[PDB]
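S.K.: Work out the full structure: start from the sequences and follow the hints.
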Amino acid sequence: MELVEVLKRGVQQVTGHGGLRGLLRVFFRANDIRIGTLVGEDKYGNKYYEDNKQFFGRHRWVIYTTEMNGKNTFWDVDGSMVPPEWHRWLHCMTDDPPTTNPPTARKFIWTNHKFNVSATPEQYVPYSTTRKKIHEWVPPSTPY
Amino acid sequence: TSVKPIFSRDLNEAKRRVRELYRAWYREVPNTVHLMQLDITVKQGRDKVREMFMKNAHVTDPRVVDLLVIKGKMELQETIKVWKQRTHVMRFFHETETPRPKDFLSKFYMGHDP
Amino acid sequence: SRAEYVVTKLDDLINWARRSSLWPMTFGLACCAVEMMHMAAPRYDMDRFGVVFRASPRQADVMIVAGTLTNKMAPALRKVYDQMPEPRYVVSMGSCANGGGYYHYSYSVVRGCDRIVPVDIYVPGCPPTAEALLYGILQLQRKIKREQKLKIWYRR
Amino acid sequence: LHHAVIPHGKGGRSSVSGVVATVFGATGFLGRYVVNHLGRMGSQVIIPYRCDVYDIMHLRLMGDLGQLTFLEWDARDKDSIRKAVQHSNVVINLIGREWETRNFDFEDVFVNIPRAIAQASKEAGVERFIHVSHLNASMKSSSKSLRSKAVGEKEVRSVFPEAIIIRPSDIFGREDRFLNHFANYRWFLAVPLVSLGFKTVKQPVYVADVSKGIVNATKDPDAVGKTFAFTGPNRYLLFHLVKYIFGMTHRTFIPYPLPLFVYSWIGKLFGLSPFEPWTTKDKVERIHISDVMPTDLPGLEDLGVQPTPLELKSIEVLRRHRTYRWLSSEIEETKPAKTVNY
Amino acid sequence: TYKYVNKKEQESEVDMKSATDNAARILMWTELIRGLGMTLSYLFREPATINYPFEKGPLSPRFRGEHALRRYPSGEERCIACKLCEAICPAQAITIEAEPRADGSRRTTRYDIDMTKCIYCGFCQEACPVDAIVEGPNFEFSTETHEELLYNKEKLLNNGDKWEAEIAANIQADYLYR
Amino acid sequence: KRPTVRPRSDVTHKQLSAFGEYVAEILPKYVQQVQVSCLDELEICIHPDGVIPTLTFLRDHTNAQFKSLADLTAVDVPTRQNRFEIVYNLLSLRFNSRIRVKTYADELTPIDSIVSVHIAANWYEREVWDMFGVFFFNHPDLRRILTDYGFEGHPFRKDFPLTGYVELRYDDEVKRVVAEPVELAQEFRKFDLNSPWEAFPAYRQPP
Amino acid sequence: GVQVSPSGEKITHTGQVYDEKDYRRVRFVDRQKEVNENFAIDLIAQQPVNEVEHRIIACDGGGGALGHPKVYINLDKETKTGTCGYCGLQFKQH
Ligand SMILES: NC(=O)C1=CN([C@@H]2O[C@H](COP(=O)(O)OP(=O)(O)OC[C@H]3O[C@@H](n4cnc5c(N)ncnc54)[C@H](OP(=O)(O)O)[C@@H]3O)[C@@H](O)[C@H]2O)C=CC1
Ligand code: SF4
Ligand code: SF4
Ligand code: SF4
Ligand SMILES: [Zn+2]
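In order, the protein sequence lines correspond to chains q, W, B, P, I, C and R.
Position 52 (the first sequence) corresponds to 52 in the authors' numbering; numbering is contiguous.
The number in the authors' numbering is simply the position in the second sequence, starting from 1, with 16 added.
The number in the authors' numbering is simply the position in the third sequence, starting from 1, with 33 added.
Position 9 (the fourth sequence) corresponds to 9 in the authors' numbering; numbering is contiguous.
Position 5 (the fifth sequence) corresponds to 5 in the authors' numbering; numbering is contiguous.
The number in the authors' numbering is simply the position in the sixth sequence, starting from 1, with 6 added.
Position 35 (the seventh sequence) corresponds to 35 in the authors' numbering; numbering is contiguous.
Please keep in mind that the hints were generated in silico from the structure rather than gathered at the bench.
Careful: at least some of the hints might be erroneous.
[Unchecked claim] With a cut-off of at most 25 Å between alpha-carbon atoms, the simulated SDA-like pairs for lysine to any residue come out as follows:
{"#": "1", "chain 1": "I", "residue 1": "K162", "chain 2": "q", "residue 2": "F28"}
{"#": "2", "chain 1": "C", "residue 1": "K181", "chain 2": "W", "residue 2": "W99"}
{"#": "3", "chain 1": "C", "residue 1": "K108", "chain 2": "C", "residue 2": "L190"}
{"#": "4", "chain 1": "C", "residue 1": "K164", "chain 2": "I", "residue 2": "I88"}
[As the list claims (entries may be wrong)] Per label pair, the in silico range of CB-to-CB distance:
{"#": "5", "chain 1": "I", "residue 1": "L36", "chain 2": "C", "residue 2": "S43", "range": "56 to 64 Å"}
{"#": "6", "chain 1": "q", "residue 1": "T66", "chain 2": "R", "residue 2": "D30", "range": "21 to 29 Å"}
{"#": "7", "chain 1": "P", "residue 1": "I6", "chain 2": "C", "residue 2": "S43", "range": "53 to 61 Å"}
C-beta atoms are modelled at their ideal positions from N, C-alpha and C, and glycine is treated no differently.
M.R.: Below is the structure:
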């Protein structure tokens, strides 16, 4: 009956990630055994998938890297790791992934995406950008 | 001249209300210090009550005095009940602000204030 | 083996239990708390991360200061913050709570809850998207993930 | 005089006072109040810390946007001190612990570190350097802590002349280790004392008076090579002081004699605990050392701070030791202690 | 036109069957077992929850989030120090102190935004006549200290050498509405 | 024809204008300067001593059943000697009309309360006092409703600075929330936006 | 095009740096002073000077509505080259 059909789909998910070790790397790391079409990959390592059958919101997902900039992000995975060209697609702002519709290239757009930094070094520290407004008087260097 | 009265025929009559409000506070300092755990002793609490009155002892308009008394009773109502907590009652004592100086030379040394 | 190594694993154990059981306090002041409910709503369930709302400060680990903090309320917020047993965390949410926000220049708004409670993470926005607060909660969880409290104890 | 350092404003937050300061004991008990009085006015306090970033959390108050900068360091490891005392104008060294740890002796917390802070500050080019010792810091002393501070006080001055050596008496405060100590003797049925506390005189000083003194020590043009002694008034007798603590903390009072040799060995037992010990052989001797007179030193009055009597600011700390049926009692019902000029 | 919500139509009409229907209702909790039925249905439904870190909820091109100072394709800064984004900002979050750039152009020497004062209202991007300041989709930039939310021109150009691959597509897909 | 300009239903201007005169000659002892605006809304100015008779009349009278007190505001105008211009907006639910009643006041010239007539005033009635310092007679409770328990001020007065005179912060020396004089980190930037040209010639004021 | 000041600090495109003796440098200790390395003076100069046929040439950002307001330059000068006021582009004739 239909119960065999769904139990057959479960076998596909549990045995559709290369092997056992492949299942482990995603089950405890993403809590999502689903499998869908591989739309593309980043230069950092992020893998983007899509499954049109599922409902809105759950039909596009990432499997993040294990390392982005010498960070060891196997566990410490945060949302600020999707590069801009995919952040548009992953958030359902467009139907076209950057694999088929590449972003316009410019000589000043960042090549290496930088995740959010809040407590690690290489942190943002605000400062004033204007120069001095009042110049003091320098006295003569010799008496009288 | 020719201004309508508010709870005061003349200054002397309005001075009785102030004396009535003072008797309401002097009887009240020993109950707030205990009802809400204040770090002050009753002797110095009554001093602040008296001090807040000498701040306004130079006024002579009957209408103004009545409004001062009306506000004081409201200030007393919020203290009779514990509507205003230890944070609000201890706000009068100014236990944190640096004592602003009076000597001109001290003012001249720090800041551009007159 | 070294005694330091065992210490860190215990440090990571105590931190882990404090990461996956982060109970906030039903303390939404105004107008960000509507998006603090959406965080509790079906789409962005907080029970996923073992995050459960509890009314009593005595049983709350984190305090989400969401909404404008006014002078009349300032004494109450500090009192509630004091009641939370340590270790406790504060997650300032929204512009009104981070700084003064839209009411920075009003006469009855404390310009940011950082003046009254020590804030651990600031979630910008007005209101922050339910994801923006969830990124804040997760970024708070990664803060506990690196405490080093038992590791320093061996060094004392 | 860089234009940034010049003082500005009416005094308070969001102001400038030109008191860029490196406080090396901010996480402690006296450091909390020193930073507060620096941060209450306009001062950029650099707070070196080795603790958890959680234990320094409470210090992110009492200072406007970016008036605090937290840096990590290790006392043994050089080149982390210089990185913190580089741009500062005044360095306030409050480092001090009342017991030995596995890594740090008293020599390594009262003599070595102040030398490293002092040497790293003179080379850096600071103007002042405020140091804290104890009033009973005589070389000819009995406590291991007091004697070490005596050497550290001399060694700090030799490396860094024109230092300000502050010598507070036993400091009492909210999270202190003086009134919160005797008040905690209730957990044992009685309060052991040496010679019932007679022949011992204490001159407690309030923290805010001490921190006001430290904060005004980085302003007053004089007091650049002087040695102070913040003692406070009302030299009580230890029996009368502890009897008064239980007067506010309406518990009991059952003093009894106890030789100092037994009362030290028992104290030495509590010093074996890996955590913060309750008592130690060194803390037994400090509590039972008569405080010298302040005659030959300037003191608080010569610096612009009014000493605060114990009776005024004792209920703030001893309220939490009361129980219900005595939590609401006031200062009036205590018959305060008797001062002794002995 | 009104509508009665809790007004009985006609009453005083009950027989044994109607009487026993109410007895059965009250005396066997029929309308409470009816409420249980709905919750039981909901258990057998797919939860709406989405794994936030791995699948992120939907947005729109007009979304208003982190700020960003844009540049022309050549590389030149768009902002020309016209200073009417701080005229309309209803929180006085923006400050500008522009001076001539020594090559003749009118450019800014300070463009600091206080993200703790900002209310993400979008008036500054619709006031700018060169699209110099925009608001990219970055809603996730929470920090661990108040200071990193006080953005300055250097941060705002970094956010703008980063999200242009996104910001350009968003503007290119809603500028016709504007 | 003119999609921009609002349609003008001049019928409701005549009805209001007739009623304003009807109220004017049925209560002459207090009524002053009844007027009707372009936007068809009536406006009656009343001597402050006549607040109760006018408000009681406009509620009970059969032809004026203004039973709902929409709000009780107050406009501060330092120009005029009687600064505070208390406003009463009223609603009918019978004749489907709104009527405004205005009186003047002063920081030393209180006004009689209305809680006897409209209980809705009660909270609005304190809000004016808390915000403008306009004492009201015969009120039951009359305490601050909005401001903190320790404001020695009246925020909505035009002579009150926007940032206020006091700020709250937490202090460890005293272990409670304390109050200190305000020192803003970035001063409020007052924008001088007024144009120097006569936008509306219909409101010219000759010298 | 970022140059380091003698104190080792990085100068921004607005020419700012903190002196070696300024106390405000503390904020950068254990952190970094982010500066945008894509300067605006240098990038705009690397563009070629366009040559047109008319003596009056329009300039907009290029995309029309995505550029800057429509302006008109005068190219009668021969010693200098006309510059658009919004974007730093340049135009000549001949
Ligand atoms: N009764 C008193 O309190 C008296 C105090 N004093 C002096 O006051 C100063 C501080 O008083 P108090 O604050 O009450 O004592 P605390 O122990 O409360 O202050 C300890 C401070 O010193 C730091 N510290 C201690 N040992 C080391 C170390 N080995 N390496 C680095 N940092 C260290 C602590 O850092 P962490 O928090 O990481 O331990 C903490 O910041 C001391 O110098 C003491 O001698 C003088 C007379 C008596
Ligand atoms: S920050 Fe915005 S959303 Fe949050 S409380 Fe303030 S106004 Fe409301
Ligand atoms: S989004 Fe609104 S509040 Fe924020 S900077 Fe722009 S104009 Fe100001
Ligand atoms: S960002 Fe735009 S509106 Fe603001 S000053 Fe620059 S050009 Fe003008
Ligand atoms: Zn151009």
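S.K.: For each hint, tell me whether it holds in the structure or not.
M.R.: Okay, the hints, checked on the actual structure:
Taking the CA atoms of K162 of chain I and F28 of chain q, the gap is about 31 Å. The hint is violated against a cut of 25 Å. Of the pairs offered as hints, the one joining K181 of chain C and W99 of chain W holds, with about 20 Å between alpha carbons and a cut-off of 25 Å not exceeded. Distance check on the hinted pair: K108 of chain C and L190 of chain C sit about 38 Å apart at the alpha-carbon level, beyond 25 Å; violated. With a C-alpha separation of about 23 Å, the suggested pairing of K164 of chain C with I88 of chain I holds against the 25 Å cut-off.
The beta-carbon spacing between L36 of chain I and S43 of chain C, approximately 60 Å, falls within the hinted interval of 56 to 64 Å. Checking the proposed 21 to 29 Å range against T66 of chain q and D30 of chain R shows it holds: the Cβ atoms sit about 28 Å from each other. Separated by about 57 Å at the C-beta atoms, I6 of chain P and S43 of chain C satisfy the suggested range of 53 to 61 Å.
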